[PDB]
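Yeah, one chain of the complex is gone here, protein chain that is, but the others are all in their spots.
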Amino acid sequence: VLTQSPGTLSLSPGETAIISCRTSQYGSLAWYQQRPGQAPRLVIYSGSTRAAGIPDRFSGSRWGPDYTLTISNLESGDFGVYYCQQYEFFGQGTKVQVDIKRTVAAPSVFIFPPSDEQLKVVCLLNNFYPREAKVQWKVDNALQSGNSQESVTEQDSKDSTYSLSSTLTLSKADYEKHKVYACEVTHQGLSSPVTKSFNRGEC
Amino acid sequence: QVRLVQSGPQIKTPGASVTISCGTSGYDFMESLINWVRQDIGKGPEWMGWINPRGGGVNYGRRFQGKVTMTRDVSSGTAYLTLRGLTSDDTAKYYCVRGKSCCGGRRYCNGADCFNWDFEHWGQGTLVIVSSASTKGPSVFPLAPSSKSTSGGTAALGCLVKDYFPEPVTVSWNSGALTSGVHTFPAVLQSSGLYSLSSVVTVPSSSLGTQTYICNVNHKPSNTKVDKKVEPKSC
Partner (left out) sequence: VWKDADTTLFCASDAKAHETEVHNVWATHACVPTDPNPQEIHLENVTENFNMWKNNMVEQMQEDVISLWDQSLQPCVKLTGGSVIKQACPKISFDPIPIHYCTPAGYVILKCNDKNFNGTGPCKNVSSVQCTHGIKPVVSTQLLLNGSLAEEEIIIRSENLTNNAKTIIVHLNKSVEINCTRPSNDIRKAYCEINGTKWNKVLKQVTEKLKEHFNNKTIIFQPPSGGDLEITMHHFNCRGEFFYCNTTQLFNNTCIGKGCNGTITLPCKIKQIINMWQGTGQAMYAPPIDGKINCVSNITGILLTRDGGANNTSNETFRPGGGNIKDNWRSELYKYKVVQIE
């Protein structure tokens, strides 16, 4: 009954974000804004009527079945995911991504073995840019996946930088199994993909 | 002043039952329909059903038929939602919502007379996790720095926390003395059903064997505060 598009917009402050939403039915539409971790906030309701406390930058429009929400002059306060809504029906969502005028940078080579000990492996990427990054794990000089989750602190505030925490979880019989725990880091502001050094039983 | 105050987050075993509240104030509780919406991050918001505070009339979505019951207390002006036979699919955050009002000071009004769908007023939400076991206690080991003091740069140190719930956890350094170059990464959930975040900090090279670093991890519901010490280890 509802088809919102696109899924993700990678835009920057100043530009104008365009979010469409085609309906099988038609009628009254609302546009919502969900800041990460927070409850959705009504922005446009009844199609084009701007909700209370919404800046002029947001406006609703229509042409046939394709409803659109155009946002003029983006700011970081406009970051998040938006949904269209007919009655009790919501859209899939459009994840609009804010960005910073920062050009490029390079992450920081850091890895750490488990403690001494928890058995009674984390790869750090410090202050890089842009948010786009890649992380692998080369245990046994071999690929590993499914057991590694990554956390990312959203862009810093002084130097506008991002930081990543790759956490590779293993078990009681998989550490002492291999003799290798590699994590390589590839990024936009890099030359050639290079790993670090590790090694158990020795430091 | 139209506030919707929901109850706190909670974990439950596969099969139990959750009853979450939705405190209302600043408006005549009897004039507005009260909706319930479910949001699982990874997907979008989903309307579950509304209830009329007047008679108690409910409209359950066909997808939520038999897994959802909506009641009310006309005295306190409070709506409720009880979930039956919990499964891992029921792991989501649940909002209680109402639309814009249209009564405008009339003496006899019913929530079914207004539009209801223009959802302007949301609660802060309530986390419901359906995973095996409960527990609550925390646990953290130190992160190891280098093994040799770098010539004239900056090293990296921290302490990785696992098994904790709910949110959030406060992690400081040197009892709040150290704040520069600190990165306390947001909470990541394992498939087990609990949380595990990470915290790091950037410090000068010739400060390793000298200045001591103590990371303070604290989470209130299980009432636990921790003082761990990080240091270059056995080599």
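Structural remarks
Should a chain be cited, it is by its letter among A and B, assigned in written order, with residues numbered from 1 in that chain.
One rule holds in what follows: a contact is a pair of C-beta atoms (placed from the backbone, for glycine too) under 8 Å apart; a residue touches a chain by one contact, two chains touch by 3 or more.
Of the options B:5, B:16 or B:112, the residue whose C-beta touches the omitted chain is B:112. Although one chain is not drawn, the whole complex shows that of B:15, B:55, B:85 or B:221 it is B:55 that touches it. Looking at A:8, A:12 or A:25, the residue that reaches the missing chain in the full complex is A:25. Per the touch definition above, the residue from B:63, B:84 or B:220 contacting the chain not shown is B:63. Contact residues of chain A toward the unshown chain are 1, 25, 27, 87-89. Although one chain is not displayed, its contacts with chain B can still be listed: residues 30, 33, 46-47, 49-52, 54-63, 65, 69-71, 75, 106-108, 110, 112-113, 115-117.
The rule we apply is simple: only the chains that are shown with their structure count from here on.
For chain B in complex with chain A, the residues that touch the partner chain are 39, 43-47, 61, 95, 100, 115, 117-120, 122-125, 141-144, 147, 156, 160, 183-188, 190, 196-198, 200, 202, 233-235. Against chain B, the residues of chain A that register as touching in their complex are 28, 30, 32, 39-42, 45-46, 51, 83, 85, 87-93, 108, 110, 112-118, 122, 124, 126, 149-153, 163, 165, 167, 169, 203.
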